[PDB]
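Undergrad: Below are the chains, spelled out letter by letter.
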Amino acid sequence: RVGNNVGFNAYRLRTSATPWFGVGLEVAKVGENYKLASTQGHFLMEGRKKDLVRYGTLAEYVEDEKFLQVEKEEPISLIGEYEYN
Amino acid sequence: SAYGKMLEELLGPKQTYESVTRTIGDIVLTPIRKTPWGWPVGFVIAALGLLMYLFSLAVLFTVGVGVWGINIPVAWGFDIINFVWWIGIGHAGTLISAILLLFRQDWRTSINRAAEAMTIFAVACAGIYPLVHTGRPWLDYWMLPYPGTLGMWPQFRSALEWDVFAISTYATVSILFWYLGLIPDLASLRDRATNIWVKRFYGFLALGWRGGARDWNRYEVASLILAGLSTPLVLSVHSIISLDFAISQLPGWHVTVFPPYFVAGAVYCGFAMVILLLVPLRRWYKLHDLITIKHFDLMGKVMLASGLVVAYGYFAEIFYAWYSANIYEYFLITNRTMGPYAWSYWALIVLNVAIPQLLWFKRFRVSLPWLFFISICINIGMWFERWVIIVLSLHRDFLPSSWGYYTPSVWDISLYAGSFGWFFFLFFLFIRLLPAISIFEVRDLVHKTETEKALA
Amino acid sequence: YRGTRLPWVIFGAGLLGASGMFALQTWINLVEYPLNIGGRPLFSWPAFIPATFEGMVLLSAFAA
Numbered sequence: 672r673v674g675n676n677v678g679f680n681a682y683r684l685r686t687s688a689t690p691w692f693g694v695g696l697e698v699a700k701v702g703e704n705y706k707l708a709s710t711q712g713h714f715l716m717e718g719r720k721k722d723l724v725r726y727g728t729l730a731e732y733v734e735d736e737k738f739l740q741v742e743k744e745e746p747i748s749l750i751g752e753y754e755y756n
Numbered sequence: 009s010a011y012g013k014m015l016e017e018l019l020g021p022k023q024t025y026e027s028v029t030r031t032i033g034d035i036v037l038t039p040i041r042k043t044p045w046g047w048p049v050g051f052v053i054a055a056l057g058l059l060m061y062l063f064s065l066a067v068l069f070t071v072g073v074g075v076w077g078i079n080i081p082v083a084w085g086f087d088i089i090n091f092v093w094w095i096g097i098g099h100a101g102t103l104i105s106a107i108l109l110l111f112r113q114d115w116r117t118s119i120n121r122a123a124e125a126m127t128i129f130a131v132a133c134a135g136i137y138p139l140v141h142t143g144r145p146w147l148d149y150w151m152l153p154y155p156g157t158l159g160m161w162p163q164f165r166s167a168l169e170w171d172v173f174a175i176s177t178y179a180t181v182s183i184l185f186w187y188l189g190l191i192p193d194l195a196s197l198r199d200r201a202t203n204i205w206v207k208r209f210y211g212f213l214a215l216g217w218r219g220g221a222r223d224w225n226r227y228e229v230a231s232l233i234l235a236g237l238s239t240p241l242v243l244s245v246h247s248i249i250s251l252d253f254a255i256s257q258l259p260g261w262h263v264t265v266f267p268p269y270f271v272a273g274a275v276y277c278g279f280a281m282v283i284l285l286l287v288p289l290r291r292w293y294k295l296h297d298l299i300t301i302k303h304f305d306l307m308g309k310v311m312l313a314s315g316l317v318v319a320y321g322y323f324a325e326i327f328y329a330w331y332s333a334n335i336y337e338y339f340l341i342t343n344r345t346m347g348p349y350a351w352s353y354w355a356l357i358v359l360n361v362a363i364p365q366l367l368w369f370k371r372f373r374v375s376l377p378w379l380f381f382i383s384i385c386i387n388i389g390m391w392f393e394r395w396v397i398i399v400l401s402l403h404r405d406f407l408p409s410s411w412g413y414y415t416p417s418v419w420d421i422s423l424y425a426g427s428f429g430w431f432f433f434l435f436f437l438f439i440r441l442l443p444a445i446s447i448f449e450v451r452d453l454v455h456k457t458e459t460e461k462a463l464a
Numbered sequence: 065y066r067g068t069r070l071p072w073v074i075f076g077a078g079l080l081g082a083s084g085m086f087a088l089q090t091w092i093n094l095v096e097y098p099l100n101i102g103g104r105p106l107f108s109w110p111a112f113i114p115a116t117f118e119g120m121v122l123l124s125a126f127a128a
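Residue numbers (the deposited numbering), protein chains in the order written: chain B, 672 to 756; chain C, 9 to 464; chain D, 65 to 128.
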């Protein structure tokens with residue numbers, strides 16, 4: 672009841688002489704607006720770097736250790752804080 | 009006189025205290041099997057809206073809160089866009105009832121009961137939505153400060169707990185300032201009954217009033233205090249229904265001019281509903297001599313004077329979204345003007361700050377086929393403001409990997425389109441059983457026109 | 065009639081709703097069940113005012 676008719680069976684295209692890749696494919700679009708239940712919404716970092724994945728290379732890390740860190744001032748909070756001891 | 013020519017714009021022809029009481033005591037006391045049409049065909053259209061309301065709720069409890077279409081990015085949808093819309097509608101029903109009574113104004117007099125009752129039924133339609141948008145609606149008593157065998161209380165930092173405290177104060181003093189107004193009025197429907205089973209009905213709703221200066225002085229010092237207590241209430245209620253976005257840290261939600269700009273939009277969308285309801289209460293009930301067109305010339309000016317504060321609100325929150333150097337509020341401007349839901353914000357600038365900017369001219373204020381199209385573009389448009397505030401800030405937010413869409417299902421439409429049933433089920437029960445115009449106050453307005461003509 | 069003593073009944077119940085709801089949420093958050101909820105302080109003197117104001121309007125109009 673889980674895996675019945677969820678996708679297309681790719682095993683009907685294996686040919687036992689080209690069982691992993693072959694170059695004789697014809698696409699020939701015959702449909703429109705499938706469901707395709709995806710769970711990400713946006714696969715594109717929208718300038719939200721410094722907040723999602725700070726990416727650098729090792730060439731710039733061996734000269735500066737905290738090159739992806741932002742040495743900024745302590746933020747101000749009006750709620751105070753609690754003591755986790 | 010400069011003051012007498014103000015009061016003569018509110019009544020018109022020759023009117024006494026009886027001819028005023030007769031034309032309001034003929035909307036009521038016209039018996040069934042003699043009751044004019046329109047009210048039967050509307051009360052059975054509202055029944056099909058109420059059976060669309062009670063079926064969408066019986067669905068909602070049984071299968072769940074997730075037949076709506078609310079996603080996990082945007083988890084507040086038509087249950088909250090229509091809730092702030094309905095709460096927004098009843099607020100100018102109490103600007104008419106309470107805020108204008110502070111100003112001793114006499115053009116609020118005939119617009120009173122069609123705005124006191126219009127507040128209540130836009131709260132009874134509203135107040136179901138904070139009780140049914142919860143996924144477990146049978147525990148909404150947990151948002152009440154009661155003692156139990158759990159040591160648990162509500163939070164009292166969330167602005168949805170204050171929504172309990174605002175509406176359950178707004179719902180009870182709307183039905184206490186409209187029932188107090190009906191205490192001296194249902195004593196007049198009692199004495200005009202001449203039928204003891206409808207005389208006992210209005211002789212028990214009105215508790216036994218008699219008039220009397222020792223009761224009339226105690227009435228108005230309990231009315232203007234109530235009109236002085238319902239005026240910081242509704243500037244707070246739709247501010248507290250405004251804090252439950254502005255408490256949240258979201259980029260389109262965490263703006264700090266939300267509390268005066270929502271209540272501006274409440275006395276913008278609300279005056280649009282009083283205009284959308286009273287233009288078909290002159291052509292159908294013959295109230296051309298009580299709801300004279302100066303009342304719409306002044307309801308249009310206050311709707312205009314409220315529609316600029318939200319015209320200020322759209323430009324301030326698009327300025328301080330740019331004036332903040334956030335990438336999340338830079339994106340907020342480029343997600344209302346561009347992006348997938350850009351049509352909603354451009355059907356908002358058109359319907360709120362472009363089309364009802366014809367309200368400056370009297371040509372589109374005295375003309376009721378033009379004031380109706382302007383006010384019908386505010387109820388659709390101020391729904392779209394609360395869609396832009398709620399959905400367009402929720403469906404795209406800080407993290408790009410949580411960007412949703414919220415296309416509503418039929419049970420989001422059928423609950424909203426069914427909610428107009430429960431409004432007009434009770435509004436058509438209000439029109440038939442209760443006076444639509446406060447008779448004793450417009451008797452004072454007839455007395456005020458006579459006492460200023462006698463000063464000559 | 066020389067007026068009525070009714071506005072002092074409205075104020076006497078408004079001072080009992082304002083000081084009765086502000087002391088309700090303070091007794092909840094400090095004495096009865098103090099909760100680290102959001103890192104916010106126990107005596108949150110903001111966020112008690114939009115709930116002690118609506119208790120001031122409620123008990124005043126219940127005396128009005």
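It should be emphasised that the hints constitute simulated quantities derived from the structure, not laboratory data. Every residue, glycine too, gets a C-beta built ideally from N, C-alpha and C. You may find that some hints are simply not true.
Claimed, not checked - Ranges between beta-carbon positions, derived for each pair:
id, chain 1, residue 1, chain 2, residue 2, range
1, B, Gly718, C, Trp351, 18 to 28 angstroms
2, C, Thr264, D, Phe126, 30 to 40 angstroms
3, C, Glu228, D, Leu99, 41 to 51 angstroms
4, C, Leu56, B, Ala708, 47 to 57 angstroms
5, C, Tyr11, D, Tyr65, 21 to 31 angstroms
6, C, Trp45, B, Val701, 55 to 65 angstroms
7, C, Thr264, B, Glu717, 18 to 28 angstroms
8, C, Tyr11, D, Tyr97, 53 to 63 angstroms
9, D, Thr68, C, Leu110, 36 to 46 angstroms
10, D, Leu99, C, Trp224, 43 to 53 angstroms
11, C, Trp351, B, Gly702, 25 to 35 angstroms
Undergrad: It remains to establish, for every hint, whether it holds in the given structure.
TA: Outcome of the hint check:
Separated by about 24 angstroms at the C-beta atoms, B:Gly718 and C:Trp351 satisfy the suggested range of 18 to 28 angstroms. A C-beta distance of roughly 33 angstroms is found between C:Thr264 and D:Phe126, which places it inside the suggested range of 30 to 40 angstroms. Distance hint check: the CB atoms of C:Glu228 and D:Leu99 are about 46 angstroms apart, consistent with the given range 41 to 51 angstroms. Range check, C:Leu56 to B:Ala708: Cβ separation about 36 angstroms, and the 47 to 57 angstroms hint is violated.
Roughly 28 angstroms separates the CB atoms of C:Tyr11 and D:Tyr65, a value that falls within the hinted 21 to 31 angstroms. The hinted window of 55 to 65 angstroms between C:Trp45 and B:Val701 holds, with their beta carbons roughly 57 angstroms apart. At roughly 25 angstroms, the beta-carbon separation of C:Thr264 and B:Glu717 lies within the given 18 to 28 angstroms, and the hint holds. Taking 53 to 63 angstroms as the suggested C-beta distance range, the pair C:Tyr11 and D:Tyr97 conforms, at roughly 59 angstroms.
Look at D:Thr68 against C:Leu110: about 20 angstroms separates their beta carbons, and that is not inside 36 to 46 angstroms. Under the hint 43 to 53 angstroms, the C-beta atoms of D:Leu99 and C:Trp224, about 51 angstroms apart, fit the expected range. For C:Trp351 paired with B:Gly702, a C-beta distance near 27 angstroms keeps the hint of 25 to 35 angstroms intact.
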